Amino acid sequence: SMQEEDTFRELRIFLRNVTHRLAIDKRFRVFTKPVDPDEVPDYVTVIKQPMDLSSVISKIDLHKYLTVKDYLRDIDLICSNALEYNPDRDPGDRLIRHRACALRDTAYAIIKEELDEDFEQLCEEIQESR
């Protein structure tokens, strides 16, 4: 229905705003763009499902997210990719891991504070009906 299209629209507007707020945080700059093969030619080798905040915007705009749960799976991927690609005790890896945990924690905290649970539940029920 048009009401369901309106619901998904509101979801996309909400997800673009959360994503923008993460992307403008200087801590999260490394997560804003895909990894350039030049700097890191072994990246695409190790990480089978690369994800970054520019790709998340593109996915929102392509109507790939019908629930906040599905969006959070991609935020979780940005985090777990960074924990897997950068697992060493050296400070460069520890700094990326801490920034990746912080992204994930920040996205969850904004959603806890600003997503209405009944809005999510509605999205989940429209998705499950499709």
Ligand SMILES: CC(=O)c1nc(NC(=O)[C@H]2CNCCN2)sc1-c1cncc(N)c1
Contents of the next structure:
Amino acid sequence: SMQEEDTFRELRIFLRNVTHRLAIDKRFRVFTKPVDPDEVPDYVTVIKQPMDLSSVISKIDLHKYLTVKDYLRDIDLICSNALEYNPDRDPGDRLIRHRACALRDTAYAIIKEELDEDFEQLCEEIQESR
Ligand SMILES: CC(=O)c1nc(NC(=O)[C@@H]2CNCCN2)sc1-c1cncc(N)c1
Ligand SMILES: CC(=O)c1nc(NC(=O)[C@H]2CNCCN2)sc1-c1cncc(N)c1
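Now show me the form solved in complex with the named molecule, since the one above was the form deposited without the named molecule.
Whole complex next, starting from this chain.
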């Protein structure tokens, strides 16, 4: 229905705004673009489902997120990929792990503070009806 399409449009506007706020944060620049196979050749040895904030923006605009849970699954994938590719005590690893956890925590905190729980519940019930 028209009311349901309005609901998903509001979700997309909200998700673009959150994603922009993550992408301009200096701490998260490592997560703003895909990893380059020439710059990093061993990345695909470890990571089978790459994700980054530019890909998240593309998916919003392709209407791939119908709930905030769908969106947070990809935020969590950015974080879990970073943790798996950076598991060692090396300071470079540890810095990326710290930023990855901060990205996830920041996204969850924005949503907890700013997304109405009844709005998210409506998104879920529309999705469940399709
Ligand atoms: C600082 C750091 O590198 C770090 N590493 C983590 N490692 C891990 O989560 C995993 C889990 N079991 C240990 C090895 N593998 S959590 C974490 C972290 C700590 N406090 C604040 C923030 N933002 C991040
Ligand atoms: C996305 C990610 O997780 C990532 N991790 C890295 N880790 C390291 O370089 C660790 C690996 N262990 C040895 C010490 N260096 S570089 C990197 C990255 C690569 N190309 C483009 C972007 N934007 C980020």
